[PDB]
Amino acid sequence: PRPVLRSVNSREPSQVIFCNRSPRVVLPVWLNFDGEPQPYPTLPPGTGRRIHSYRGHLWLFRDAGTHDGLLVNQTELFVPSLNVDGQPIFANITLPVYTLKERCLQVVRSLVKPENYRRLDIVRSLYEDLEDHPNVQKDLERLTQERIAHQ
Amino acid sequence: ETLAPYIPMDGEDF
Amino acid sequence: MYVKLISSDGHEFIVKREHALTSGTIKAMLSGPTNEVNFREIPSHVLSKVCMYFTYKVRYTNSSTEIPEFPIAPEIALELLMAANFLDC
Amino acid sequence: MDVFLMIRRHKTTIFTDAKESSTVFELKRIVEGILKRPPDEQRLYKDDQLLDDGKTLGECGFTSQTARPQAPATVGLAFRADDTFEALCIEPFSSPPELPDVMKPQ
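Residue numbers (the authors' numbering), protein chains in the order written: chain V, 59 to 209; chain H, 527 to 540; chain C, 17 to 49, 57 to 112; chain B, 1 to 106.
Hints listed in this document are in silico derivations from the structure and should not be mistaken for laboratory results. Errors might be hidden in some of the hints.
[Stated by the list, open to error] With a Cα cut of at most 27 Å, we get these calculated BS3-like pairs of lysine-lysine:
#1 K80(C) / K11(B)
#2 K32(C) / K11(B)
#3 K80(C) / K43(C)
#4 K43(C) / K11(B)
#5 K32(C) / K43(C)
#6 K159(V) / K32(C)
#7 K171(V) / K159(V)
#8 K171(V) / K104(B)
#9 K80(C) / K159(V)
#10 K32(C) / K19(B)
#11 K159(V) / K20(C)
#12 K159(V) / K43(C)
#13 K55(B) / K32(C)
#14 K55(B) / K19(B)
[Unchecked claim] DEER-style ranges, computed between Cβ atoms:
#15 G26(C) / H125(V): 35 to 43 Å
#16 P105(B) / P103(V): 20 to 28 Å
#17 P100(B) / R113(V): 50 to 58 Å
We put the beta carbon where it would ideally sit given N, CA and C, even for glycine.
Using the sequences and the hints, build the whole thing.
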């Protein structure tokens, strides 16, 4: 019973360059062969880095401190393919266009400790929004669901 | 046997 | 082609209609078969930022560029969050 | 590229974009469609510098790098009088309240 989202063990090397084109510290996350996310060394903003990965491995990318979602070549997941004529493959990591609400939640979260969320004078519903922190595990479940609907 | 990704130590992260 | 958004302190903000539709609240109001909308509870220091967000969203949605951060200063964040929630964007 | 602007007079703020290669006069035409005042009845300013009709926006100091969607550049606007002088006057936005204690470094 293997997850839909997982790397395949191709053993076929693929040279990749993670390029952080965001203002965040990026955490690369590798989905292992059982679909479990594994962290890899982070990238400061504006820096890039050579990676030895493999064909059909799966990667996603997050803000290292907050796990806010990031995009890679404009999508959620990145899969190395075989290198054509020595040329490495680029993973260009960017900010998505967050909604104004989610962006405000990021800023409030960065300024307020969770024990104090409910000591802010805002509508009651926003407490649960603030508490609904980004989470890799919930993202994978949502992406799996979305993919199955395409079938 | 399984082969996971790795970062070469001598890779000058640019 | 344009809509006029009015803040609580009387500042008038004229934005392109398509940009204003970034707000789900404004889109539902104007979705039927020059237009003026009054937000007596949103102050000008918040409503100006909301309009900048409309611009930012339309510019960078479906863009391949590098996307810059939408900046929010700490002292406006709570009020901007209330506004975003009220406006659904 | 595009420059993203706020054209402000009194308590009125227009959000619009224009090409760096477009002229001040072309920008007055945009304003004309919105505020019904023709270009020989408008003055546009960058800070307190009156902008000449024939110059491009880039030539006036507006660049895509600084006039961005999320942080547009301000263009001051003043209007006509056939026998008096209307000074440039932009009313400031309101001031935010004090940061809450729970939002300050603790």
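Evaluated hints:
1. Restraint check for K80(C) and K11(B): satisfied, since their Cα atoms lie roughly 25 Å apart, inside the 27 Å limit.
2. Annotation: proposed proximity of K32(C) to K11(B) holds, straight-line Cα distance about 18 Å (limit 27 Å).
3. Restraint check for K80(C) and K43(C): satisfied, since their Cα atoms lie roughly 15 Å apart, inside the 27 Å limit.
4. Distance restraint check for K43(C) and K11(B): the Cα-Cα separation of roughly 25 Å lies within the 27 Å cut-off, and the hinted pair is therefore satisfied.
5. Note on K32(C) and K43(C): the hinted pairing holds, with a Cα-Cα distance of about 13 Å set against a maximum of 27 Å.
6. Of the supplied pair hints, the one linking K159(V) and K32(C) holds, its CA atoms being roughly 21 Å apart against a limit of 27 Å.
7. At most 27 Å may separate the alpha-carbon atoms for a hinted pair to count; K171(V) and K159(V) meet this at roughly 19 Å.
8. Only pairs whose Cα atoms come within 27 Å are accepted, and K171(V) paired with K104(B) is accepted, the gap being roughly 10 Å.
9. Annotation: proposed proximity of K80(C) to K159(V) holds, straight-line Cα distance about 12 Å (limit 27 Å).
10. The straight-line distance between the Cα atoms of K32(C) and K19(B) is roughly 16 Å, inside the 27 Å bound, and the hint therefore holds.
11. Distance check on the hinted pair: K159(V) and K20(C) sit about 22 Å apart at the alpha-carbon level, within 27 Å; holds.
12. Taking the CA atoms of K159(V) and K43(C), the gap is near 17 Å; set against the 27 Å cutoff, the hint holds.
13. Under the criterion of a C-alpha separation no larger than 27 Å, the hint pairing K55(B) with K32(C) is consistent with the structure, at around 25 Å.
14. For the given pair, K55(B) sits about 12 Å from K19(B) by alpha-carbon distance, which is consistent with the 27 Å threshold.
15. The hint said 35 to 43 Å for the Cβ distance between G26(C) and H125(V), and at roughly 42 Å that hint holds.
16. Between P105(B) and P103(V) the C-beta distance comes to about 23 Å, which sits within the given range of 20 to 28 Å.
17. Under the hint 50 to 58 Å, the C-beta atoms of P100(B) and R113(V), about 52 Å apart, fit the expected range.
The earlier numbered hints are all upheld by this structure, with none contradicted.
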